[PDB]
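Undergrad: As a plain string of letters, each chain reads:
2 protein chains.
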Amino acid sequence: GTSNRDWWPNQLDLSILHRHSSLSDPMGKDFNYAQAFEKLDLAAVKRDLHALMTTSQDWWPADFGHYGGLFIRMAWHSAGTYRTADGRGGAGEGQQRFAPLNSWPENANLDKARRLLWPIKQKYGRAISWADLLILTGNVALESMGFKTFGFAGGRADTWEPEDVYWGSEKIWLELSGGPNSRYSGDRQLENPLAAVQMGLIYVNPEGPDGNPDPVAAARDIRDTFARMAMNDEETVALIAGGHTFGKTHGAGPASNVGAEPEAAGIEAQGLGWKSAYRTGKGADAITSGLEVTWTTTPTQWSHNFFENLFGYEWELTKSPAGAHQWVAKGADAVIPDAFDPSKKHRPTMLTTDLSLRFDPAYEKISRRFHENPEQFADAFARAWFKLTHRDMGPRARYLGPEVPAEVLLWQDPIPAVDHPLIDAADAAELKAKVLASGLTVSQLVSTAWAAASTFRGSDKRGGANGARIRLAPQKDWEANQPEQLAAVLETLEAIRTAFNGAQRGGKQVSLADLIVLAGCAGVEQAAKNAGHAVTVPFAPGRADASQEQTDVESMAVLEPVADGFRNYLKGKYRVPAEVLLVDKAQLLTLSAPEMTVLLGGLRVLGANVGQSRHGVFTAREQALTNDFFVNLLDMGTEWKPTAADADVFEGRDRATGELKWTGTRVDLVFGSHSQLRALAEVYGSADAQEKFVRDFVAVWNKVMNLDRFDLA
Amino acid sequence: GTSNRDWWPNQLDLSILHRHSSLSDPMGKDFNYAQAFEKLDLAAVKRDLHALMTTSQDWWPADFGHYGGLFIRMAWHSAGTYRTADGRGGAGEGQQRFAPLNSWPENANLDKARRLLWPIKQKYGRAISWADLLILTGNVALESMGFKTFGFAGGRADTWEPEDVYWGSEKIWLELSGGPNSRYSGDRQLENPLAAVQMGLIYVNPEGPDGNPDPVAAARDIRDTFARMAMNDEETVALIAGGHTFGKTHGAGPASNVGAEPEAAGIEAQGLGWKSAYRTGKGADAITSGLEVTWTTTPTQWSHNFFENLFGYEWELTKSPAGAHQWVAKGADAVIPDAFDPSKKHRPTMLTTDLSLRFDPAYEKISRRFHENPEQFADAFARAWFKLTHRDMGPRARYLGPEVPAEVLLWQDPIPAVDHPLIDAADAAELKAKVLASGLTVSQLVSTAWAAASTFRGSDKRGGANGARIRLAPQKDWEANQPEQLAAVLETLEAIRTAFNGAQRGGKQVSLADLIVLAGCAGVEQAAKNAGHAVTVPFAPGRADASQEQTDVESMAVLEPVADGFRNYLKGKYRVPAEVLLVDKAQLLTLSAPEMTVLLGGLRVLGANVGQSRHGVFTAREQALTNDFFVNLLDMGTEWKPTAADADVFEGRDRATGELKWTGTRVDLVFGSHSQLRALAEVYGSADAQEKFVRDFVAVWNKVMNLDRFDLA
Ligand code: HEM
Ligand code: HEM
Ligand code: NA
Ligand code: NA
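Top to bottom, those sequences are chains A and B. Numbers 36 to 748, taken from PDB author numbering, label the letters of the first sequence in order. Numbers 36 to 748, taken from PDB author numbering, label the letters of the second sequence in order.
Do not rely on the hints blindly, as some may be mistaken.
No copy is singled out in the list; a pair is fine if it fits within one copy or between any two copies.
As the list claims (entries may be wrong) - Below, a list of computed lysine-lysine pairs in the DSS-like style, where the Cα atoms sit at most 27 Å apart:
(1) 81 / 543
(2) 379 / 365
(3) 738 / 620
(4) 620 / 64
(5) 147 / 158
(6) 676 / 365
(7) 206 / 696
(8) 676 / 317
(9) 183 / 422
(10) 738 / 64
(11) 564 / 727
(12) 64 / 727
(13) 727 / 158
(14) 156 / 676
(15) 158 / 564
(16) 147 / 676
(17) 183 / 147
Hint data in this document are derived by calculation from the structure and do not stem from the laboratory.
Take the sequences, apply the hints, and build the full model.
TA: This is the structure we're talking about:
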């Protein structure tokens, strides 16, 4: 059945902006998951999960009579797809249950684990999401096996279709690096935004880099991938040794016995996959990864036996029954229990990637410290586990239920509690007029607010104007934010705020975060008035000002907008065309294509471009809010050609006279080229549309201003 | 970027049910196109279109000084993608402006035609859709050139993304038959639902079948394709000779001069394509098809010269300047004017496909008759043009504006005007009670109403319960409708109706069409009561009963549901898997995935399966409206396997004992296999979902009952 993707494979795909519509959602339009969750008897869910842990089902018998290890792996894979570069992946949307993640090789037999949870999901229904349940099950597995977690927050609403994520360009599952779609270049440099070493892996290859069983080299990949998931060395060691305190791997026979992954299996498999022809295909005969390693003498109980074994033996390279490289303890007794036969025991074994924790010099120090101080190991693992499973959930205001930890952590980008009365409508109007009487222009006001609010990304719910982090390092020094200009605008706004705040009674004050946004709204109102329209831009107060000490400078780095088509900005030259990067940014901002289109057209004519570039500024009334961008873009009396100096800049000349009328980038002209975007541009570029343009612009502006306002949900 | 389509190319694509969401739509949720159109100054639009006709632009100069021919082609391509098999394609959604149709080879340079219309589209804005505009421009071109049209209706609302249409499986533009994805098998048998001979053509190849210039063979393709677009021999001859009374083809130089189609062109092309390196690239040097034919001595005026030339000369095979086969009049003078140079004249020429009209025996008689009786030709062409351009618009109630013809035509599947008082809520309650006291079962009531209503398709807005066409030929004889049983149910309903009607005052009566639907609603209410719920099903009266004479038995044939997954019915063995056919049917019914899911689960347990088949009937309380389908489907205590005798039937057995619990088809089990569908099934199969199931079912039932109710829109 031949499609548009087949005919025109490099044409821009707008469908990623139109997912998660009300059409695909089986819940009412009014369904509020937070409110369903807040009535969940969470204690009763955990008791059921507790019982499930030791209630073996014959279709996937429990190793050692306890599902704990399997469910921990389940919950770590749900969290483990996360990338700090774009915030995509992680546990927060329950995506492990949809394609492609449900069928990745490294997710093999997690289909069994999810199926085991259906009876409990079915019992509690909409009051607990799959997304929350996966994580909660991992916590309960840990608890049942004697490990006290740091806490748990609910709130991850389920989604109903696959997320659109760039996982890599390889066409072969698990392809070794150096192929025609190599995710590596230079000195083993992993391309952004990826955070895994091969297509269909979580982080690294457990045999070692491209299957080469060198723990030292494996450690480099571990450190790189984990850094790309926002985890440092201490956290990494704690997670890997923590996880591999429990359970086992499965490689009881050759991998060629394993059939089709879930998305490729027959209909009769009812959503399960990796059906195995090896002996019983399950339990004692299970094959998952191809490795056959059991790390500890008590795989169903928390202990410090991972590090006792790691350091207490010397290790020899060997092969599993499926031919995978793995390691066995030299001269050891048979001390490790068998998963099904009480009369058999086995020698201690390890993965190459476990040995990384001893043979990398920086990890070795952390590992020794954790070996000598198992209470520090426990505490670090608890904290890292919470971070792992919550890193993509967003501000603490989204956190639900009775196990939310009270400690505020730096990676949460925390925002102080508001401790005073808020400005009211009359105050907002007074502040807007003061902003406009200061002499700040429409362009300055719009640009600064855009810069502050457009750091949000819906992928992990980080960023936005709350916190006023634009005044702090590193945001205040980002090139896209024009640091010298930004500093002068911030200083003027701070004087207005100090004057407003000094005049108040009863403790009422306004935050800089709120005033930045409100100043932007005044800019947009003034632009509308300059075009002859009377509109009020909505504004919701309640943002607070975060401190530098509450702002991790390194974790903020990934929010830098190295491409921002809405300001016609690109920091350098990329492999990816700028229009694709625009659509990527729009998706992170949660915008539809009509939203993206309105917002861009408006921003152009308001002067929001970085460096005051005239590219795409298709108006003779700059700083008035009109649909001139569209009217001019769609004017057939202009002919467009790439410049001689730069193929990515275009000159628009009068077709009759040859006179230069405009310049534009790829991001500008895509709205006149792409057949779906041009259809949208046409709507806003019609003679009846100026009022619609203004109203839709103001709505989308307000939307962007409020993206991080989970205090108002 | 590797996608789910790349990994699992045969997996079912649900995104077709979630297109055209409010997300991709730039108009408000409340935008009503009918109301915008009803305030259009239609007269003013036509005047501007009249002016456009002779206002030549230098970037695509007008042949003979008049764009009429180009615009007629543009309108006839807009209409000409239509397929009677599924109702997809046609002019009614303005899809010519989107991929792929904007870039089909046979639509070359229609991008120029559409761009010529932008200023008028821009001036009238949302009050005239592109879809309406394309057709209206065709009409105006005809009128400008002396041809009186039969009429015009507005109301085709614009769409905002590509429609999901199976156009064929070929991976090469214009691929000749017999390839690895041949749309032909057997004795030149074109696969349903296709209605074109090669990928990227409208109907046939103008050079002849697979490029072989045999007019008699070409005629067979013409007859087959046009029948597949709902046109008979008289209509076909009138359209082809009518259209080719105007304008000319373009093949001034080799086709290798012509560059990328619009979707492949550079961004600076601003949505246009097929840029040509031959001489000026345009006007006198234009290359569109590669053929160079001008049919008449007055290409910009209606005449009877097509048939004078066809019959008045003998024809010789020659080649255009691009190498294409075409025909030239033997021994003729140079009587045909040049499009740009007053000092040149040309011999009459014809396409192979024009000669079909003379050399096919059945067409020849029609052609002679039109030659001898030019008034009959004019009238038939006017009618056929109206049909061509309105065949996919639906019932007359959707027709807008002041040029709607008053004559009622058979292909509009007309329904008589209601001329009596309608039943009220008290009458509805009394009729429902009588239906239930008659002894008709839930299963009969539900099945008959489903059968009546589910012939609707949103592609061309044909079908539905209005008209009570289920009681007429051919619907009453379709195997899916179970003729024996249907006749028994209809006879009982007719007695109820006769008794109700005979008791009324003041002319009040109920139609059979209304009573069928109402009786279905009573069945659903009864089913709900059998499950312990108190449910009133909404009902809107106002359907009327069509006669057999108003119901064309051949055009109804395409509405036969040879696959209806909602009744677990498949008429024979098809190359397309049954779950794909289910999704196809859901798309035609305008159902989202959640709607399809709820609806099918409900229908299964209410006894709507054809032949009383137990496949998918996963309940022990048949004819009670419960979510049993889902709860039993998702039961992991059951293992499923295909049967020995039939790979498309599955047996579900107890995993512990091996006892047979259920059987199901592919359509049943796909809800437990496909990861997105299973996610939906889980919602309805949860412990908290019984009430939600019942209420969502009733909503979707009502939706289906009302699909064709454009009298209420
Ligand atoms: C370098 C990082 C990691 C690698 C390469 C890795 C690799 C693997 C492999 C290949 C398996 C065996 C799958 C099977 O055959 O059943 C597995 C099992 C497991 N891993 Fe990891 N792992 C890593 C990090 C983690 C982390 C961060 C956690 C949790 C905090 C975790 C917890 C587990 C658990 C609990 C199992 C046991 C599954 C069972 O009992 O069925 N691992 N690991
Ligand atoms: C067997 C069916 C038909 C075939 C194979 C066919 C083929 C074509 C071809 C190849 C062209 C030349 C394209 C170009 O080079 O510019 C063309 C032109 C045209 N056809 Fe058809 N045609 C068909 C039916 C129709 C019908 C039903 C209509 C309208 C009622 C129509 C009206 C036109 C007109 C007006 C033009 C001239 C365009 C211009 O002047 O620019 N044709 N036809
Ligand atoms: Na994410
Ligand atoms: Na259609």
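Undergrad: Are the hints correct? Go through all of them and say.
TA: Outcome of the hint check:
In the homo-oligomer, the alpha carbons of residue 81 and residue 543 never lie at most 27 Å apart, since the shortest distance is 44 Å inside one protomer and 62 Å across protomers. With identical chains, the CA atoms of residue 379 and residue 365 are at most 27 Å apart within one copy only, with a shortest distance of 19 Å there and 98 Å across copies. In this homomeric assembly, residue 738 and residue 620 come within 27 Å of each other (Cα to Cα) only inside a single copy, at 15 Å, whereas the closest approach across copies is 37 Å. When the C-alpha separation of residue 620 and residue 64 is checked against a cutoff of 27 Å, the pair qualifies both within a copy, at 26 Å, and between copies, at 25 Å.
For the homomeric pair residue 147 and residue 158, the shortest alpha-carbon distance inside one copy (18 Å) is at most 27 Å, but the shortest distance between copies (60 Å) is not. Taking the shortest Cα distances, residue 676 and residue 365 never come within 27 Å of each other, neither inside one copy (70 Å) nor across copies (47 Å). In the homo-oligomer, the alpha carbons of residue 206 and residue 696 never lie at most 27 Å apart, since the shortest distance is 45 Å inside one protomer and 41 Å across protomers. Taking CA atoms no more than 27 Å apart as the test, residue 676 paired with residue 317 passes between copies only; the shortest distance there is 18 Å, against 63 Å inside one copy.
Taking identical chains as interchangeable, the C-alpha atoms of residue 183 and residue 422 lie at most 27 Å apart only when both belong to the same chain, with a minimum of 15 Å there against 74 Å between chains. Proximity of residue 738 to residue 64 under the C-alpha cut-off of 27 Å is found in both arrangements, the shortest distances being 18 Å within a copy and 17 Å between copies. For a Cα distance limit of 27 Å, the shortest separation of residue 564 from residue 727 inside one copy, 15 Å, qualifies, whereas the shortest one across copies, 49 Å, does not. Taking the shortest alpha-carbon separations for residue 64 and residue 727, both the intra-copy value of 25 Å and the inter-copy value of 13 Å come in at or below 27 Å.
When the C-alpha separation of residue 727 and residue 158 is checked against a cutoff of 27 Å, the pair qualifies only between copies, where the shortest distance is 15 Å, while the shortest distance within a copy is 48 Å. Proximity of residue 156 and residue 676 under a CA criterion of 27 Å is satisfied inter-copy only: 25 Å between copies versus 58 Å inside one chain copy. Proximity of residue 158 and residue 564 under a CA criterion of 27 Å is satisfied inter-copy only: 24 Å between copies versus 56 Å inside one chain copy. In this homomeric assembly, residue 147 and residue 676 come within 27 Å of each other (Cα to Cα) only across copies, at 18 Å, whereas the closest approach inside a single copy is 57 Å.
Within a single copy, residue 183 and residue 147 get their C-alpha atoms as close as 26 Å, which meets the 27 Å cut-off; across copies the closest is 70 Å, which misses it.
Going down the numbered hints, you'll see the structure goes against 1, 6 and 7, while the others check out.
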